[PDB]
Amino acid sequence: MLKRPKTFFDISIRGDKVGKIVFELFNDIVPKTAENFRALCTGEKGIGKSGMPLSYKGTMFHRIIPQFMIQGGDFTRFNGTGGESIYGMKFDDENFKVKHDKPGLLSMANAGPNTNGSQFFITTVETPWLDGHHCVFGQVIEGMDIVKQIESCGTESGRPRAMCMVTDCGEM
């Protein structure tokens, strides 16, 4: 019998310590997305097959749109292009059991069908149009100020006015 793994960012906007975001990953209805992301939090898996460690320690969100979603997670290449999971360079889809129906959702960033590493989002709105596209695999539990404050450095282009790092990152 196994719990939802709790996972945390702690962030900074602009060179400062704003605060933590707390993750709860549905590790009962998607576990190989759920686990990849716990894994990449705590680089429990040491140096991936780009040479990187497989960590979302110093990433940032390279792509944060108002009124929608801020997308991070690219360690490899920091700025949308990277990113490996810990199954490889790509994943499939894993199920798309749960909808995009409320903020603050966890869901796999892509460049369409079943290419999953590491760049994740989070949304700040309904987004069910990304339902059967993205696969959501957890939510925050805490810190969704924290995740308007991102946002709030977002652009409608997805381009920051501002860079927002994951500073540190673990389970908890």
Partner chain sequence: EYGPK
Given for the second form:
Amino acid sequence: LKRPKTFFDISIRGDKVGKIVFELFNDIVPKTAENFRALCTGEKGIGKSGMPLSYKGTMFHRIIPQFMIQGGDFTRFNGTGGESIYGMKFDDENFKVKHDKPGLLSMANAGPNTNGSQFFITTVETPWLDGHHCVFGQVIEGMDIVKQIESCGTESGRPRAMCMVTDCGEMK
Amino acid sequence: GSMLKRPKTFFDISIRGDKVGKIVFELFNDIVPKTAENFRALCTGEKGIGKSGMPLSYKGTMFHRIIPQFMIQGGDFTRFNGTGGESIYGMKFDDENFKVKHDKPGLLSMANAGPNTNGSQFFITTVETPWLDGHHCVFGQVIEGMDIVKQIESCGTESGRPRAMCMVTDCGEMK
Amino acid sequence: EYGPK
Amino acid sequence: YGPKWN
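Instead of the form solved without the partner chain shown above, give the structure for the form deposited with the partner chain bound, please.
And the full complex, kicking off with our chain again.
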């Protein structure tokens, strides 16, 4: 099977800056790749939170230069929420893929088997994250836009400008 | 003599990433010139960089607190969550007067944390809120795009927590 | 909490 | 919540 491809449309400080396109490692982590894929299309509908299972209109709420950019919180928009297509949380699937390069897409979590909808995109190699966060895809287009989002962050993770996924979906 | 007409400013609004249109305000420079000027200048961004280190501008800000059948609140361009913002006069400035009453929907009014703590945050009423008279300085009114105000209001909750991201994507003065 | 109540 | 910096 092909690796699924998805996209974020991105605006920064209210300005359209282009598209990020991901490819998802459904050959390595099919449950984790599927969660992100279906959250890009919104096809599952309304979650246990009462809000759409969709990344549309979410923010990169935690941005740390020379580390990663993190988003996916579509229930509280601030990093305190989110929900997967499997429930509030789902298990770590495997750790086959290493955080050994920029542009990797990986699951944010609060410890083992606590994946939800939050994800991060690395901007450096992050080997200390290996074995703790499931890497499930990578940026194939728009790494510069990832850098433009990164440039709005701080050491504490607080954004200095609103970077938004204005639309998203699957490329098929 | 002097006969300066009321300034008009605008927000371009997106909701959940979708362009929905423009809100236009007229500002009561004839009644509250200092408060009116602060908002006008935060629409154009002409003052440059603030003491926060961030642009003195509403561009890219959110409506971070939305309460249906009450008001929609925005203007925090330093922390984007209601804890920040600053005025063109410093971190805060005094209540100018309370001459204009919260007696109809679509009034522009200063958010504060008590007396003489006006910064950059503002709200737009969607109902009469006369119990805010004497505590929040009304300085303008919506003259176009009240329907966009209601679309923002529709993303609200009782707590004010937003259910969708409503952004001022662009803003300025119409001169 | 900031803003009108 | 999310990845920690080490």
